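**Student:** So the chains spell out like this:
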Amino acid sequence: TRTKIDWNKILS
Amino acid sequence: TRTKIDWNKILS
Amino acid sequence: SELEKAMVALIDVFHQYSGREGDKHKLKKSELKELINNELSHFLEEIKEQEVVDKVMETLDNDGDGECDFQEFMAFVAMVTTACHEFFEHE
Amino acid sequence: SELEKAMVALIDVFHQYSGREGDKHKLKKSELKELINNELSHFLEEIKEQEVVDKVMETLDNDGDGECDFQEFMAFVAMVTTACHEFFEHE
Numbered sequence: 001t002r003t004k005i006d007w008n009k010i011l012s
Numbered sequence: 001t002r003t004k005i006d007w008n009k010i011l012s
Numbered sequence: 001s002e003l004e005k006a007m008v009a010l011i012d013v014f015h016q017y018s019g020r021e022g023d024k025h026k027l028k029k030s031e032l033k034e035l036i037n038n039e040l041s042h043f044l045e046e047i048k049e050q051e052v053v054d055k056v057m058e059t060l061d062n063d064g065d066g067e068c069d070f071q072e073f074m075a076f077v078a079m080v081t082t083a084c085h086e087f088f089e090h091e
Numbered sequence: 001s002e003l004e005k006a007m008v009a010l011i012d013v014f015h016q017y018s019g020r021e022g023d024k025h026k027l028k029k030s031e032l033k034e035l036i037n038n039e040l041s042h043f044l045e046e047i048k049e050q051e052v053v054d055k056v057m058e059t060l061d062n063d064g065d066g067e068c069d070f071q072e073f074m075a076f077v078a079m080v081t082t083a084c085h086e087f088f089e090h091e
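Protein chains in written order, with the deposited numbering: chain D, 1 to 12; chain C, 1 to 12; chain B, 1 to 91; chain A, 1 to 91.
Chain D with its partners taken away, still in its complex shape:
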């Protein structure tokens, strides 16, 4: 969630 932005597929 830190650098994964937590969005999901868009930013991944």
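Just so you know, the hints here were simulated from the structure itself, not pulled from any lab data. Some clues are possibly wrong.
Cβ-Cβ distance ranges computed for the label pairs, FRET-style [said to hold, decoys possible]:
#: 1; chain 1: B; residue 1: 21; chain 2: A; residue 2: 28; range: 20 to 28 angstroms
#: 2; chain 1: B; residue 1: 58; chain 2: A; residue 2: 2; range: 41 to 49 angstroms
#: 3; chain 1: A; residue 1: 20; chain 2: B; residue 2: 24; range: 18 to 26 angstroms
#: 4; chain 1: A; residue 1: 48; chain 2: B; residue 2: 51; range: 40 to 48 angstroms
#: 5; chain 1: A; residue 1: 21; chain 2: B; residue 2: 90; range: 17 to 25 angstroms
Think of the CB as a built atom: it goes at the ideal place given N, C-alpha and C, for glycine as much as any other residue.
Place chains C, B and A on chain D using the hints.
**Tutor:** Just chains C, B and A, lined up with the frame of chain D:
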């Protein structure tokens, strides 16, 4: 999530 | 006191736009995007191009994978924020 | 424009309180509760009694099950809201 408030254990 | 204005601040955004067709409590690619480019024209961050947004709103599509309501956008500003704004808020 | 003030509005709340010991970016039962009773004295909703809060902050404990940072409270106001505020916002 609607009536489950989504919190978790506190409200459940 | 920000917690009281920020809370409803989000609601008003969706409550103002969402609710045109009739059922309300939902926002389409046009309702969300336009709104974002309407309210967030200088500070997007969570929305870059037009194509990305479509995927963005889709990345949170929880309802019926159709559009984004108040619960979808609420988790958005929060997910997108809580994640990067966490330690990236600096940069 | 609310999205810009509401966004940082949350941050400031944690950035103001969280960061006393040194490491910062974290809030304990004292930092969160007191803050809530400090900023949200007339409009709590997500916080009833003192005992409940402890469980409340614990219900979101994701870090190390120790305290709540910016990512824990961000998901809180959002989780607690996105859920009930969704259709309960009326009542």
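**Student:** All the hints need checking, so say for each whether the structure fits it.
**Tutor:** To see whether the hints hold, each was checked on the structure:
1. 21(B) x 28(A): 20 to 28 angstroms: At roughly 46 angstroms between Cβ atoms, residue 28(A) and residue 21(B) fall outside 20 to 28 angstroms, so the hint is violated.
2. 58(B) x 2(A): 41 to 49 angstroms: With Cβ atoms ~24 angstroms apart, the hint is violated.
3. 20(A) x 24(B): 18 to 26 angstroms: Violated - the Cβ-Cβ distance for residue 20(A) and residue 24(B), about 44 angstroms, lies outside 18 to 26 angstroms.
4. 48(A) x 51(B): 40 to 48 angstroms: 45 angstroms, holds
5. 21(A) x 90(B): 17 to 25 angstroms: 19 angstroms, holds
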